[PDB]
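The data below hold one chain only, encoded as C-alpha cells and taken in the form deposited without the named molecule.
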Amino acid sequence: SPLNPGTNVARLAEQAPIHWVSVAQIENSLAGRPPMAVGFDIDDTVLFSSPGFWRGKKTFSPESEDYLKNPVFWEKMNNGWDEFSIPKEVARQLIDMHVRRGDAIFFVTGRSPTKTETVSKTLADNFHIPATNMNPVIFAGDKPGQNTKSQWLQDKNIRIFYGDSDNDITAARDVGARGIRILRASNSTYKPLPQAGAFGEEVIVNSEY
C-alpha cells in the first residue's frame, strides 16, 4: 500500500521453515534400493499446462470455471493441446534419475477422462521415457468407476509421489508413500499458489521450472 514500503535485513534474510531437498539428495537417499514404482502428478508438476487451460477458459467459460466441467474442453486438452505445454526441468532431472534407477514411472492426474488421450504419448516423447519404464496415464478421481489418487498409489505400490498440490501430498501421506512437493510456477493460471511444505514434506529446490 505505501508508495515506498522499504525493507530491513531481518525480512531480507527471513526463511520459512521448509525441508528443501535437491534431486541429488533424493537420489542419494535411494542408494542401494532395488527398482520400485514412483508416481508423478502432471499439471504444474511435470508440465506447465496453463497454456491449454488458459485457452480452454477463454473459449468455453470466459466468466467462470465451467470449462472444467465441459467434455468439449477435455477432448481438446487431452488430445493435442499439451503440444503447447512446457516440460519442467525438475521433471526431466527426476525422470532421468528414476529411469537410471530402473524404476517404473507412473503419471496420476485429476484431469477428466476422455474417449482417447495423447497425454501419455506426449510425456513419453518429451521426457525420453523408455517403453519399459513408461505406463499409461492414470485418470484418478471420485467419479463412478474411478479410483482416487490415494487408491491408485496403493494399487501400483507407488513408493514416492511427486506433486504440486496439497491433495498430491496428502494422497501420498494417506497410504504411507513419500510425498515430495514441486513448486507451482508463479505464471500458472491455477491460483492461489499452494503452500509448498504445509505438511512438513520435502520440497524440491528451484522446481518452478
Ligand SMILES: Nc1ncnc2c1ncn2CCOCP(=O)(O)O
Given for the second form:
Protein chains: 4
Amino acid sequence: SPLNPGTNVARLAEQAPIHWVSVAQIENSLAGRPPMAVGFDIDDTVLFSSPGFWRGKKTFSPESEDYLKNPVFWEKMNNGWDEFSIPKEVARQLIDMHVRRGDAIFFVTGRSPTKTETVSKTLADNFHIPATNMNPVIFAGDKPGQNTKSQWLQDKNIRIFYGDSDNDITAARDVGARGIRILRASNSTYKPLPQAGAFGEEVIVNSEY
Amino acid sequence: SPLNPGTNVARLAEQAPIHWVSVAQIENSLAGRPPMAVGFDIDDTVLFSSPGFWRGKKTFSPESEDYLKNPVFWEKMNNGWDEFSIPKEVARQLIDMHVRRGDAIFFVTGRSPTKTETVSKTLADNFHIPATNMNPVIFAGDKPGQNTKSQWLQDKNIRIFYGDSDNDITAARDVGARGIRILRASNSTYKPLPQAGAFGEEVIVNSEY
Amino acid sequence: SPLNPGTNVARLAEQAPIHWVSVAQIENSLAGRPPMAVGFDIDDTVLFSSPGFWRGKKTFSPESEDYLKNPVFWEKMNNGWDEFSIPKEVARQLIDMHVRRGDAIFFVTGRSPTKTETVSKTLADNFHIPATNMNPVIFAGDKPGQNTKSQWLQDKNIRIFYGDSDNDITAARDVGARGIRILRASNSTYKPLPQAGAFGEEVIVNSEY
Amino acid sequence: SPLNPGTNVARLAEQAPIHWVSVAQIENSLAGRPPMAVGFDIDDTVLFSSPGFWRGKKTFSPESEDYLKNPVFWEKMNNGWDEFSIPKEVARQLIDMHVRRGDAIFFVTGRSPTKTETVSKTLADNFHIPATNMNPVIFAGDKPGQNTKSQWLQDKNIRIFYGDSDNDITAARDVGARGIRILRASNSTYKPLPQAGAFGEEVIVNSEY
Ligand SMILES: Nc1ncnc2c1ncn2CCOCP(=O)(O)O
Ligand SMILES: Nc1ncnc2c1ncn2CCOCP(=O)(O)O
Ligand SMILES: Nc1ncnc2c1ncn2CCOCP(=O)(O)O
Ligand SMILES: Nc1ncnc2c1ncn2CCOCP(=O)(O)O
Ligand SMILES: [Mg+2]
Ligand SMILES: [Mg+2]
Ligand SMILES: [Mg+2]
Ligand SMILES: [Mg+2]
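What would the structure be for the form solved in complex with the named molecule, given that what you showed me was the form deposited without the named molecule?
Let us now look at the entire complex, which starts with that chain.
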C-alpha cells in the first residue's frame, strides 16, 4: 500500500446507503403493538464471546476450525466460558425495551447443543430478564446448507429477530419476520466481518459495543 | 476547545440513525410504476446557487438579509446569475433516472417571482431535460395570489419531492407525497445547514455535490 | 454497484494515516517566531471560484478544456467573475492568524496573467487584509512540465505555502518551505479531487469550506 | 436526543486534528536506525484483556472497583485468565516489525505484581517473539520497592513506548522517549475511553483491533 495514501472530502463524507436505526426509533415503530415473541442471536449480538471461542481454538485446534465441531469444546463453551463473555450495551438497551413492551424474549444460537448449559442463566442474570419474559436458549446448531434458525423463528412465532450474521437476517426473512442487524465488533475472532445492510435490512447505530 | 482534543473509536465509528438511500434504490422502489409527476426544489437541491446569492448579499445588503426582499436582486438572480450556479451531480442522476422513466419533471421554488425568468431554460439546458418532460419553473410562496409549495405539489399531482430544506420535506408530507432529502453543501452561504433526516425521511447518500 | 452494499465497523472506523492539523495547532507551532513571508494558492484554497470557471467552460469551450488557454476567458475571470467566488472560512481563519503574527501575505496562482486584474482587491477586501500585509497577486500561469510557483516561493522567501493541489505542496517542498494542504470541496468543477496527505504533508481539518 | 436527529455534511466530513500514522510509516521513520529497546503497554495495547477484568469485577466486586485491589483477583488474572485475552492485530504488526529490526521487546504493565506470572509466556507465544527479542514482563507502579513506568523506560533505554492510556504517553514524554498511542476498543470494560491524540502524539490508524 502507498506509504502516504491521502484522502479527499468526497471520500471523507461518503455514506453507504444503509437504513440505520436507533433503539428509540425501533421502540417508537412498535408503539401500541401488544406483546409478541421476539428473538436474539447470542454471539456478537448480545455477548462478545470471542474470549471463549479464542480459548477453544487455541486449546483444541490451533491450526484449524475443527474445534467448532468438537463436543469437548462446546461442553466448555456452554458451561462456564461465558463468564468471560462481555455483554453488549445495544443488547442491554434492546432487552430492557422488549421487557418494557411485555414481549416474550428468545435466544436462538448456532452453538451446538450440549448435555447441560448455563448460558440461559448467564443471559437472564447479566441482562436482568424477569422469569416471565425469559425462555431457555434454543441451541439450533450449525449445519451447512441449512439455516437451522428459521424453523425455530416459525415455531416460536418470533416477529423480530436481532443478529450480526447474514443467516440471522435471512432466517427472519424466511419466516416474514423483521430482521434487524447488529454490528459485529472489529476485535471479534469471527472473521471476515459481515456486510451489515446487505439485505436492505435495518442496522442499529453504534451496535458494536 | 483543546489544542489537541484527540478522539476515541466509539466517536470514530458513530453513525446518526438516518435512512440513507441511493438513486439506484429509489429507482428500484419505482419499478413497474407508470409515468408520474415528480418535483425538485432548486437551490442546494439541483443547483449550487450560492454564487449568485453571495454576490447579491455583497451588492445589495452586505450587513443584512434585506437583499432577499429586494426586487432588484431577484431580477438579477432569475435572469442570468444562474450561469454561475453549479449543477449538482445527484440532480443529474435523478433527473436522468426520472426522464428515462418518462416522468414529468417539475421545479418548485421559493425564490421571489420576477417579470421574466431564464431559470427554466438554464435547468432544461444544464440537465438535458427533453421538452416533453420539462415544465416551467413554479414560483411558490405566500405573497397575494401565490400558492404554497404544498398546494402546487397537490395541483400537479407530484408524488415525490426532492429538497434540501425542512420545508421541502414538510410540503410533501402535508399532502402525502414522498419527501426525499438532499444534503446542502458545507460551502453554501445559506446557513445554518439543515439536519437532513430530521423527520425520519430518506436522505440521498453523497448528495452534497 | 450492488443495490445494498452494506458496511462493517472496521470500515466505519477506518482512518487514512494523515497528519491532520487545526489553525490553532499551526498558530501554536509558530508561537514566538518573528514575522515571515507566507503564501496562499487562490483557487479552492481561499476562493471557491468554480462559478467563474464553470461559466467560462460553458461560454468558451463547452466540449473541452480549451477555455483555460483562452485569453478572452482569463480577462473575464480576473476582472469581475470573482464577485461570484465564495470565500473559504479556513482562509479567513488562516489569513487573520497570519496578520495577527505580522506576516507578509502573498497569493500565488496558476491563473494566466492579464492586462488588468481586480483579484488583489477582491482578496484584500473579502479577507480584511491591511495594506502592509497585502501584496499584489502573483499570476504565475500554467505551463505543463514546470511548477511555475516554485521560483516565486523562492523569490519572495515564502516559508509556509497553503494549497489544495499537489503542485502547491511540491512547490513548497521544492524550496524547503512548509507545505500545508487545504481540502478541495466536492462540488468544485476541478476534478478529480486531489489526494490530500499524499506527500506526508499536514492537512487542515474541515478545510473544504 | 431527538428521535430523528438527522445530520449535515459538515459533521459527516468533520475530522479531529490528530496526527494519525501507520505501522509502515513508523517503520519508515526508523530506516537505518540500529537495533534498540522498544516497549509496549499490555492491556488494550497488545491484548484485549477485558474478558478477565470483566470476570474479576463480577466475581470479586460486582458493585465497585475493589477487585483491582484484591490479590485474589490478580493471582487469577496473571496466571491463566489471559488465555481468554484477544491479541490485537495492530500489536502483531508492530511486534513483527520490531523483531525484524532486531529490536529488544519490553512489556511494562501497571497490573499488580503476583507471586508467579504466566503473562510473559502468553505474550511470547501469541506474538511469536523469539527468545533473543523477548524480555520478562515488567510490573511498574507506586508500591514500596517498585519503580514507575517512566523509571523502567529510562532503565531499559526504551526509545519508543506504545500504549492506549494517557499515562503511557506521559511516561514516555517524561523521559524523552517517543510515545505512540493505540486506540482502546469500544467494547473494553475500562471506561471512559481515552482521548487518543490528547497530547499531540502520534496515534496508530485502525488500532482498536
Ligand atoms: N470467534 C468467535 N467469536 C464469537 N462467536 C463465534 C466465533 N466463532 C464462531 N462463533 C459463533 C457464531 O454463532 C453461530 P450462529 O450465527 O449460527 O449463531
Ligand atoms: N442565504 C440565503 N438565505 C435565504 N434563502 C436562500 C439563501 N440562499 C439561497 N436561498 C434560496 C433558498 O430557497 C428558498 P425555498 O427553500 O423556499 O425554495
Ligand atoms: N473548475 C475550476 N474551479 C476552480 N478553480 C479552477 C477550476 N479549473 C481550474 N482552476 C484553477 C486551478 O488553479 C491553478 P493553480 O493550482 O496552478 O493555481
Ligand atoms: N476496568 C479496569 N479498571 C482499571 N484498570 C484496568 C481495567 N481493565 C484493565 N485494566 C488494566 C489497565 O492497565 C493499567 P496500566 O495502564 O497502568 O498498565
Ligand atoms: Mg452471531
Ligand atoms: Mg433549497
Ligand atoms: Mg488551487
Ligand atoms: Mg493499557
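Residue numbers count along the first chain shown, from 1. Only residues modelled in both forms are compared. The term rigid core refers to the maximal set of C-alpha atoms that superpose within 1.5 Å between the two forms.
Asks: Please name the one residue from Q146, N70, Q151, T59 with a C-alpha displacement of 2 Å or more between the two forms, using the rigid core for the superposition.
Replies: Just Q146.
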